[PDB]
Structure formats: structure tokens, C-alpha cells
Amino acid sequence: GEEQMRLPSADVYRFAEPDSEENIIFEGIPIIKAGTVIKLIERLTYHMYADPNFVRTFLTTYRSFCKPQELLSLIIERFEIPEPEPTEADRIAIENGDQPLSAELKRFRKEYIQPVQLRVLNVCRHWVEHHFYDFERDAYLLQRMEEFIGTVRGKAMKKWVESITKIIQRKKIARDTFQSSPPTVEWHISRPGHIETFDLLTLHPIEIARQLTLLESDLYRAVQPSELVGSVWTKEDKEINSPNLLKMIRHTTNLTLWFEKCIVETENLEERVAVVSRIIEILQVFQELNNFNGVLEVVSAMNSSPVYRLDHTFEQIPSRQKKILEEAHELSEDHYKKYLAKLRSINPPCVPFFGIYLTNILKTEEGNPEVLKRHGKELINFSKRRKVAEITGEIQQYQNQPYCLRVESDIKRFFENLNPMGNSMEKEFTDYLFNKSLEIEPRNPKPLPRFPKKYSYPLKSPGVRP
């Protein structure tokens, strides 16, 4: 039909085949459900209208179905559009040295070529702006992008080229505040600079919670949405593709296991009650700071196999502290209902519980297929990627909430360098912790033995009041 005859032939251009039930399906601007990578590229650079939601979602999630080098190749191929031949009358005009009318040729340039080409430059611009890490990770990808952008011709295009170049140069330069005064840094037994004595009971619990909240706030803010798409952090190139997400997970493992280690390696019962009570006070200060992540790390250490079973320890923990722990536990019950309302009801700044996003992303990744099948043809399941992208969007809404708290560089380093496992792998460390729990508090038929004190300093806490 007339509309399809004015588009380029399939023998000269791959992005103009007619839409069909076996190359694209959909759920204002229509919402793409699934499609071939070629039909996804066509709609990413659609001539009829701009589509900021699809562009944003595509560039966050495309790595789960297309490599960066392949995407750049596809948008460059999209950009090189063949022009139609002159009409018979215009061929005669050209043959006589005269100017052709070129009525359809001019219509095709203005209504299809120029919009698609600007749509391609818009993808390039959004790509360099929001996902510059693709270019930092692949210097050759950036070389290709700059060669492409640098050889575009025309005045309306050179302005787009300049704004794309401006972002690229700003991103390269980038790689090579508090309204109120922050509260005074709290000290307890350990003195500033005496890093050799830093420990759970020697540092002030207020300061432990404040420095862990700064650390976790920074780890939470550094996570980029694409590190969470397609379970790439659990796959071969995880270190390159999910460096910030892996640091976030490693910190929670290390901190959680260090709390467990602090507890079960305190073999004396009265000393272990002081350790458990101190971790609960740390949790209370995380609650005051709206560090839900920290609260649920403490809940996770208290609920772990080696700690949860310590009946004699928890028996000496005051009811008030047991009630705080129970209420913190109940943040997680009923698919995190209390937590979700508390996250929305509190005033910023805060650190959301990161684990819930990973759980929801993994359920979406496992619960939906990679492709949809329509008339024997496989189509990329794009709605699956959009659902994952919507969860990463929830992560991003809390990533601009800095804390009015002073960094204590030695305490920061102390928590950044937690290494409870040492040369052990996680399984043999958790097996060791559990066996240590059986040693300090044997199962009921066996009696409770006594163990000598390991701490020379006082056990009384300075409390959670500044």
C-alpha cells in the first residue's frame, strides 16, 4: 500500500518491514510488550513521535538481550537511510541539467529521514548521559561513538552533535554542602586515632550506627539500574557489570556475619548479653536515622542459625530490647507491609532496605520468560525488562538523600575493612559460627558450661542519647 511503498525496500534497509503479530506486540503512545531486536530498534527511533519512557527503559535494560557494540551498530545502520530514486519526469529534468521537482524525495527527507536521524542522536545523547559506564568499560565503543557523531553533517544535526560531545567531555573530566552543622562525633573507650583498639564494644554505639549509615547511604546511592537487570550480578562478568551492587551485597554479608562473630565468639554469657544488647542499641540508632537497611542487617544477624538459638543470652536481654527486636522483625512479615508504610511515612534522609529489591527482581527474572513465541517466531519479552526497570526506578527515588553527619575516616575504614570470614569461604564460616553456638550454649540435655571473660574493659554501654 501507498504508505509502505514510500518507505525503503527490505533489500536496502532493515528497519522498514511492516509490523505484524510475529515481529512486534503491544500491551496515547502504545506500550511495547515484545518484539524482535530490529523492531525494538525501529520503535526506539520511531519517526512518528518521541518516546522518552521506552528510550529510558530500553537503555537501562538492553544489555539483557543485546550487547553495547551491537546496539551502536544497529542505531548507526538505522541512521543510514536510502533515499528513493527520482521520478521519471525528474530523471528527464536532471538529464537536461535542470533542477528536479523532487516532491516525494523532499517529503521523505522531512517526514522520515530527518526525524529518524534526530531520534538516533537522541538515543546517543541519552546513552552518554545516563549510561556512560558502557563507554568507560569499552574504550573502542566510545571511539566508534565519537567517529559516528563526529562525521554527522548538516546544521540542525551539528547542534545535537555538540550537546552529545559536551556530555562525553563532561563525563571524562568527571572521572579524573550541608545546610546545618553535623552533630559532634561520639567516642566511648577507643580514642581518636587509636585504630588498634576499635571494636564493637570500644567504639560508641551512636558513632557505629552513624558511620555505618554514611557507608550504606553511599553504597545505596552508587547502585546503577543496569547492574540489577537480567541477574547479571550472579553471572560470569559480574565484577565488571555489577561492581556497586556487589559491594552493597558484600558489605551486608560482612557486617551481618561480623555481628554474628562478635556474639558467638564471646563465650562468657554475661559478656555475650552485653554484646547482643549493644547491637540492639546500634539498631535503635539506625531506626532514629531511618537506616532501614542497617535495621534489617541487625534483624538478620539476630535471626541467623547461630544467634537465634541462644536462649540463655536472650533470656537476660531486657524485655524493652526484645520488644524493639520483635517490632524490627515484624517490618519483614506480610511481604514487608510495615516496612513499606514506614518507608513512605518517615521524613528524609533514609537508607531503604536493599534486599527487598533484589528479592523482587529475582522473582520477576525467574517468573517471566526471556522470549515470547508468536507464530513460530521468538520475540524479546520487553515487558519483563520494563517490570525489572520499574523496581530499579523505586531504588532511584531514594538515591539523593545525603546525611547531615560527619565522616570519621578511621571508623569508616574500620567498617569498610570488616573481614569476618578471613581465609574461610562463607559456608565453612557459617558452619564454624553454628558449631561455636553449640559450644557456648549446648542443646538442652547437656548443661550450660561457664566460660572465662575475654574483655578487660568495662561492658556498660554509654547509651544512645548524644
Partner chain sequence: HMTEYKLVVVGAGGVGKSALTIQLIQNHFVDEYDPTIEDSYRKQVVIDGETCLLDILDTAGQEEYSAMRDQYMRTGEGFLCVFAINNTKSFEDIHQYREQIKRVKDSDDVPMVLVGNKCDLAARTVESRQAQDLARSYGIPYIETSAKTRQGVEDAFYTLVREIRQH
Second form
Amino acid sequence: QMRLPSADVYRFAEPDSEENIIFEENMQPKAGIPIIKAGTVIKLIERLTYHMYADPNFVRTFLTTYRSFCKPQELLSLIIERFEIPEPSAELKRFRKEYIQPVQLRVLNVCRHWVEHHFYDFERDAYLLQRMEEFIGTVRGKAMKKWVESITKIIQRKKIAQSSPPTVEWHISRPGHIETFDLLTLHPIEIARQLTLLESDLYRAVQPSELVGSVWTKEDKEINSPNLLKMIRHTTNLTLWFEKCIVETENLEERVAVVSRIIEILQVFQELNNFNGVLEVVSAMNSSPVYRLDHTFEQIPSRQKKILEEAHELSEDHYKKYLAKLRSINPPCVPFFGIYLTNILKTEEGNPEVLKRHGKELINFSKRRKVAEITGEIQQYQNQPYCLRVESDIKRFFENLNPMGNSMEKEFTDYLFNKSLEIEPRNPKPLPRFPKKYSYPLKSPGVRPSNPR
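Mind sharing the form deposited with the partner chain bound? What's above is the form deposited without the partner chain.
Nothing else is written out below except the one chain.
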């Protein structure tokens, strides 16, 4: 075994014990490396830059989740400290080849991975980047040169900042006639495709920095989780817009046509694996103003009722069927984000930040790994896009929807509910009749494409 310096001259030389590092029973499934359960920051930074082997998964996890237990400025200090190794002949020649070069190389891998995949720490603190460039400048060596250059090229780059898709579908509204666009005038296939494209881009824009530390639930959520929130607000807007379309169609025949068309949009969302789209529709249908419209759902064809029940069933038993179905499909898809949010929050709130062993505090790294597993799953669905053509006018129409207008939430949701009670009064009030509002035909063009690909 190698003779390392004293802990008084080099902190990372201190040996492993029950007081500074602990492990899980299992090993990395594909790498055979032990799984760290907890440790001190010193021991975690030692194992992040371990001399015996490279640990890419641990680097991945650490760099995603360390901010809950160590500041960016403190991590940079601890990795520069790790690189500055003092000596404790044949013993020295082995030390320099089996301890110093591997460790120094692993520190540089951390630096590289940090500037590449978590550059926001540097964007948010210019002094952190000043120090990183300073450190990288002092690095000298033949083995180092190649990695020092790569890092410098990433920093400067970061500082600078398929086949034919299907034909676009049109129904009553024609290309460019943006003034006539509505739920029944636009083609139901194209509504679903264009909403799937918006919702996919909204999904792909959410980063782990908006999720780690449950920051979207905290007072600075608007600063720290802007892409997640835009995504949730689009979803909410579309649910509300669907409800608005329904209850503002006072004529029963026209309302049946409206509900039926939304169920067709749902069917296309199912085809495209847009589960966010699916649940937007299901949420609208199970809302207080829509759910009670028994005279409307009575006239809905059985095939559309069945489509709606299967979609509703995905959410039952704590998303049991949704969870199975998402696992069974391959990208492109648009997952429902809410489950991930709940799982990250509960993982973080339901587990301790620190574990105590022989009265010594150890950072609970396994809690952080569990969170990084959820962020990795989010990311696995963000890599693959859809092979659908954007229609810029239909896109702009859904981006600019604003069913609420200037009304507050309570005001608007009470207006929707009072509209529901007006169009279909509560028993034993008889059902009134209402005039038609649509001067165009109510018949759908269906969900099968009009022409061949």
C-alpha cells in the first residue's frame, strides 16, 4: 500500500472510517464500483477525484446535486486544494504516477464536466469563473495540457452563447386566416400536433437547476424555475380554455360537438404520446363546470366516451396506468411533469440532509442520488424531438390563448361554474334551450389524415 502525506499537510490523506464515509450494500450495476451512502465533504470530494478509478456516475450526480450541501465557491476551493498534493526514489516515482497524476486528471475532469453541464454557476457568479480561469492557467504538465486546452475551449464557447414530416392539416379555417381560428375551425389533428410541438419545446427547456432543492415551490420560484412555470402555465391555460369552450357553448347540440372535438384532440395526443396534452383534456373534463354536464356527455358517441374513460384511467390509483404506459413507449413523447415534481419534493423533504455516525455528521448523498435519478429520467425524454412541421400561425394562436383575460382565478372559475349551472341547471330545474353561436358546420373532419404521406 502507498504512503500518503499527513492529514495536517493534506486533508484528503485521512483514512476511511465509520465516522467519515459509508456505503450501500450494492455496487454500481454496470461499473462494479461501491455506492456511497454518506460521507463528509472532504471524503465526497476525495471519491469524486479518486486515484484508483474514474467514477463518472458519481461525478454526474455530485455536480447536479452538491449545492444543497456545498457552495460553488467552496467546491472550487476544495478541488484546487485536492489538486495541490504535497509529497509524503522508487516510493516517490510510484506516488507521482499512481496518486498525483490520476487525482490531478480527475480534478480536471470535474472542472470540464462542471463548465460543460452546469455553466449556470459561472454565469451567476463571475468571480467563480475568474477563479476557475486562474486555476486552469496555473496548471502545467504534458499529461494536463490536452485537458487544460479542452476546458478553455468550453469556457469560451459557453461565454459566446430526419425525413419529410406529415402534411399540415386544414379544416374550415384556411392558411393565413388567423381571425377565423378557433377550436372547431382549425383541424383537430393540427390542433393536437401544434400543441404537442409547443408542449414538447416547453418540456425540453426545463433544466435540473429549476428542480434540485425543490426551488419551484420556494419564494424565488419565478427567478429559479421560469421554464418549468411557463410550461405548467401553458398546461393550465389549455385546460381552462377547453373548459371555457365547453361552458360558453350554450346550445346543447353545439356543446356536444365541442366536447366531441376535444375528445378527438385527446385521441391524437394519445397517438403522439403527448401525456401532458392527454391530462390537459382529462383535467378539463373532470373540472367542476364540465363534469356535471350530464345532458352533454349523454349525446357523446360511445367510442369517444371509451377514449375518455381510458385516458381518465391513466390517472387512477396514483397514476398506476400512466406510469406503466410511459415506461412502455419510446420517444418522442411529452411526459406529465407533476409526478416528477412531487417525487423530488417528497424525496428532499422526507429524508435527512445529514446522517450521524459515532456523533459525527455525514452528508446524506443517497438522498441526492435519488433526486438525480428523477432528473436523469426527465432528461431521457428531452433528447428526441417530433417529426412534425411547425405552422407558425396555429402555434402563435395557442401561445397567445388567454381564457382568463384580466380576471383572477376565483372570479374566473366561479364564472365557468355559474355558466355550467346556467346551461344545464341543477335538478329539478328543467333544461332550457339556447340559440346557436356557430355559423359554420359542426361536423368534424375526423382524426385520420386527409391526404397520403
